[PDB]
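Asker: Next come the chains, spelled out residue by residue.
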Amino acid sequence: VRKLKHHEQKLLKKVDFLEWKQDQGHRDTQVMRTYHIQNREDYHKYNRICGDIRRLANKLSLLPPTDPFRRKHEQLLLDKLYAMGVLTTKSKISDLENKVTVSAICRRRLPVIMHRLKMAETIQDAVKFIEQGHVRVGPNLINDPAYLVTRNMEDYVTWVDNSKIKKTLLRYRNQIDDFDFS
Amino acid sequence: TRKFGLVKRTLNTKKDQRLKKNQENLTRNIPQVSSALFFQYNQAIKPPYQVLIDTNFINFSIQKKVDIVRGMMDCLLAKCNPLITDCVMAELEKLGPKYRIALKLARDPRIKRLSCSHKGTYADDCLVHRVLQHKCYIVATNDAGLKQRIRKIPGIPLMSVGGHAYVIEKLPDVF
Amino acid sequence: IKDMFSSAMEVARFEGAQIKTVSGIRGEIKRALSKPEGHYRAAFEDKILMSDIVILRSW
Amino acid sequence: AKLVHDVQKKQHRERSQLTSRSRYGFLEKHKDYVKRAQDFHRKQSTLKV
Amino acid sequence: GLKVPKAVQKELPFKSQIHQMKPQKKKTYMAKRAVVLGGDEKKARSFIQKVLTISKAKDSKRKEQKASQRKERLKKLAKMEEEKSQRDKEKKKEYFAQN
Amino acid sequence: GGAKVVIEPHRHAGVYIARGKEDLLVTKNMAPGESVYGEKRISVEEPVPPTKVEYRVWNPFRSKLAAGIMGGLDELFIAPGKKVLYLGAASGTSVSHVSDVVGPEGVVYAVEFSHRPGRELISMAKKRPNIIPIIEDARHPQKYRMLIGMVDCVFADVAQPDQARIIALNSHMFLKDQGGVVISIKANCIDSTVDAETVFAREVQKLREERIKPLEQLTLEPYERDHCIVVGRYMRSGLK
Amino acid sequence: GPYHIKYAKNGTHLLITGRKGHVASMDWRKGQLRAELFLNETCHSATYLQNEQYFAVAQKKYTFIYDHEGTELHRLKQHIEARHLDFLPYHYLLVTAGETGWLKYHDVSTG
Amino acid sequence: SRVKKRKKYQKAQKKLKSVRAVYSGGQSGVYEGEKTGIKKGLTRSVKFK
Amino acid sequence: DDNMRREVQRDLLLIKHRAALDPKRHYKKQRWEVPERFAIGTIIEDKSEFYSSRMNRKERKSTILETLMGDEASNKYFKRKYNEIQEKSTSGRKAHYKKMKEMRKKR
Amino acid sequence: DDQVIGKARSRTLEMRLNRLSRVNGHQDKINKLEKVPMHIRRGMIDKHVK
Ligand SMILES: [Zn+2]
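Chains as they are written, first to last, in the deposited numbering: chain A, 2 to 183; chain B, 7 to 31, 40 to 189; chain C, 948 to 1006; chain D, 2 to 50; chain E, 1066 to 1164; chain F, 82 to 128, 134 to 326; chain G, 112 to 222; chain H, 561 to 609; chain I, 110 to 216; chain J, 199 to 248.
Next up, chain A with everything else stripped away, as it sits in the complex:
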């Protein structure tokens, strides 16, 4: 912590007060900084599900390469994860080990969907807006940031009517019709 001299750094090399090997390079912290994750245990709650997908993918690739059970369940899991939005392509089954990843499950969260739909300028702005209760999917208002938005369910991410944000974008283009409140 004091920038050890040469004899000290030679004499105690494995000493590190910040980065440990159980930390795994602080990647929970790293991807929760990237996608602005509030609570500490969401990374590991997603890591359990990525481990489920990859455990099944291992145990399913250990079946013989031609039997219809392996082919049906590999294709069925691939279709389910593409439809949910974690996987970005349902083509190859090496996605079920390589491209299945806590960052993919985190890119499917509601503020990241928002920021990619240009509905907020950054992920922290999207977090603030859906905490303030501006965003509804479908009819019903969504209030928490961790909400996972599937591919067919991202067509209905809008703002609530009577939103001040909806009002100011309509009045920026002065398409505001005050009959329907905005």
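The hints are simulated quantities; they were obtained by calculation from the structure and are not laboratory data.
Among the hints, erroneous ones may be present.
[Unchecked claim] For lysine-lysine, the following PhoX-like pairs were computed, each having C-alpha atoms within a straight-line distance of at most 20 Å:
no., chain 1, residue 1, chain 2, residue 2
1, J, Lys233, A, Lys15
2, B, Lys166, H, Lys609
3, I, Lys170, E, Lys1121
4, B, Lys133, H, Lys609
5, D, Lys44, C, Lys967
6, B, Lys118, B, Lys108
7, B, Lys78, B, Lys112
8, A, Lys22, A, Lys60
9, E, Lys1115, E, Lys1131
10, E, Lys1123, I, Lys138
11, I, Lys190, E, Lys1126
12, A, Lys81, A, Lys93
13, B, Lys26, A, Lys22
14, G, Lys188, G, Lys215
The hints should help you fit chains B, C, D, E, F, G, H, I and J with the ligand onto chain A, whose structure is shown.
Answerer: Coordinates of chains B, C, D, E, F, G, H, I and J with the ligand only, in the frame set by chain A:
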């Protein structure tokens, strides 16, 4: 009256300078080509020449039975001063007790000797550095890599054991 | 295109022929116009200009 | 020029607009047309974007 | 210039909107107020403008001439590298054919 | 001749560049209002009213150190608070420029052996108080070891064949560890039987034999034929 | 909640933990607090490590390790349910026991 | 054959002013200045090892 | 200060664009942005040598710009070079386009 | 194959791919060892040789 999007403060491996990989928190230098040189001529060197030897040149001299100073003299037809750097001498001593003949032929009062000031005994690095610094040196060598380095840097004549006598290449006044 | 032919019979004789401007814009003559006699309608690779000359290379 | 004569790689000179057709100035040739066409194509490309 | 149509440019995204400012038709007060100096100052202005456009056109001439230099150096350099790579891929086959 | 320039600080601290249509290497003037060897001066009015302070043009054809500066040396050790031991202060030509680069808070010990140059050195060191003129032979540093203590850079403009021994003796007496050693080597005055690169290589080898690690050499060719400046530092332990 | 108290081994710093979430490391004899962090899960105990500069807190399940100003340095994936932490200062060992029937010694220096 | 080597040596020693800096003969008249510029960032000196 | 930079702001432009003041001078390629600390100074040629570098009392000026404006050969070169740059820059833009259209229209 | 269940299948396929790729692939690139520390790889080797 709290703040929105509240997070738990963790450390930033991209930013925190307390950890080691983030401890990394103009004047150009174009060295002029030497005033000893014409385009590729080296118009300034003149006899008495001085020639930097290395270890495989000495080994090939003894394997071909050429004397060092007399082979240099009847190669260049000029008076030569041969120079063993301390790293070439270190390399000959490190070659072991098989090369005792070569070591005590390099120990010769007619062969003068320089004093290199660096760590390690890499004679190719030392010869290349002290020849591209100064351009007043002939390099006598038989290493293929050192021969390619020396004949790529300009204005430096290169001597080598070929056949039963020494040959010289980048010296344009040999006859 | 105005005057390389004197009659719609002549253009009818030469229909479908490939022409080109002096800019190398390739083209094809398509149909003789009705009322101005040697005038016809051609289609080109893109928009030719009013300062061009079309060319029917014959032998 | 390995086996070419200098009287063979001469300079062919380019022709002018006909004097009867002179109010439409400057009969344009293939370099002028490509300067026209690639300008039109880059502007249509950014319009399509 | 590129004349993007109004029907397209009214329906553009917020990042892609085209900042086109209208000309001024009214003799505004700051423009009718603001003083310009004359005589030696207007010939100083003329001189500085002439010097700056001569400097800019000289720089444009120099960089265009360097572009014409380095495209033909690229051409001869690529020819010499192609000849070199041909020599390498035949010397490698010689080496392996002997060994 | 009556024109106007803009003064601008150089990379090297204590020296400046005056940009006009020909730009000049320039130093501040320690004794304002007179020229020492007929160089031209620049008088700025810096802002009690503003005061007229002035500057002196450093002539590279009459100064090996200015030829080195404007050929481009990566590090001079002559700096604005330092102590320089000038060896071979042949007149007050370059010693005045070294003196006012070094400034009022630093000291230049100007060692010269001849006596009419010494008389001109003393009359120049009157109006430049930061010059200690020492009229003595530099080949015997013990004869003036009492007058000088612990210099920071030695500059050597001696033109004698026992140059490296003079530089080594004066450095071992008065230079401090990791201090500067700036040498102006003249090939023809060392010896003319060998070429210039041979004598520069031998002098650099002599310096590292007397444990002065060379950092840099510069030929300073458009101003002097067959000259050199070798800039080294006095390592005193471990050139390796 | 009820505050588990802890002092540094020289009496300069105080480390309190609320049962609810409130962990505060402070210089109790000046008026200087240097970490006040509200970790909204039920914390149980804390201790300093070799200094006021690092402290370990035993949270809902996992033991966490925080620096001087309160940024989280480590989440220990072992030490599954600690209720008792104690540092061994000459050996640099954080010792951990709790609702599991396991006792875990963790080297703080190497990690 | 003689005038060709007279005029390819004049070309060569005009190119030599580009690569090195050639000693032209010293100070001609009054020291006018550097006449071409002074770069305070470039150091054209050979560093050791 | 900016109050003095607004007085020496023109000859700093002249020193920045040195390279196109004389057609025979041809400086070495630097950029020379305006330095943060500078000082404008006047050369004292002393009272030792006369007539060679001596700019007399009757032609000493107060900027570099007044000297360049008083030079009459530089005024010839700047006016000539500016007119040829001008007629190169207006070569085929709009007066040419509308005189081509009027050429079409006249007949 | 079409009847070989897990760990036999993974190591069998890996052995076949190694044996096919050892002809044209480089010898410093085909058989990469798993990175094991020095003082435990040497103990692994000593116990295996025992
Ligand atoms: Zn060596």
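Asker: If a hint holds in the structure, say so; if it doesn't, say that too.
Answerer: A quick look at each hint next to the structure:
1. The straight-line distance between the Cα atoms of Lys233/J and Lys15/A is roughly 18 Å, inside the 20 Å bound, and the hint therefore holds.
2. For the hint linking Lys166/B to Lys609/H, the alpha-carbon distance of about 18 Å falls within 20 Å, and the restraint holds.
3. A C-alpha spacing of about 27 Å is found between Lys170/I and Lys1121/E, which places the hinted pair above 20 Å, so the restraint is violated.
4. Among the hinted pairs, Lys133/B with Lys609/H is consistent with the structure: their alpha-carbon atoms are about 12 Å apart, no more than 20 Å.
5. As the CA atoms of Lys44/D and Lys967/C are separated by approximately 25 Å, the hinted pair breaks the 20 Å bound.
6. Restraint check for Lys118/B and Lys108/B: the C-alpha separation of about 13 Å stays at or below 20 Å, so the hint holds.
7. For the suggested pair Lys78/B and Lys112/B, the alpha carbons sit about 17 Å apart, so the restraint of at most 20 Å is met.
8. A C-alpha spacing of about 28 Å is found between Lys22/A and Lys60/A, which places the hinted pair above 20 Å, so the restraint is violated.
9. Restraint check: the Cα-Cα separation between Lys1115/E and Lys1131/E comes to about 24 Å, which exceeds 20 Å; the hinted pair is violated.
10. In summary, the hint linking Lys1123/E to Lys138/I is supported, as the alpha carbons are separated by about 13 Å, within the 20 Å threshold.
11. The suggested pairing of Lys190/I with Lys1126/E holds, with an alpha-carbon distance near 13 Å, which does not exceed 20 Å.
12. Restraint check for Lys81/A and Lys93/A: the C-alpha separation of about 14 Å stays at or below 20 Å, so the hint holds.
13. About 15 Å separates the Cα atoms of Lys26/B and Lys22/A, which keeps this hinted pair within 20 Å; it holds.
14. At most 20 Å may separate the alpha-carbon atoms for a hinted pair to count; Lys188/G and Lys215/G meet this at roughly 12 Å.
Of the hints listed earlier, those the structure fails to meet are numbers 3, 5, 8 and 9, in rising order.
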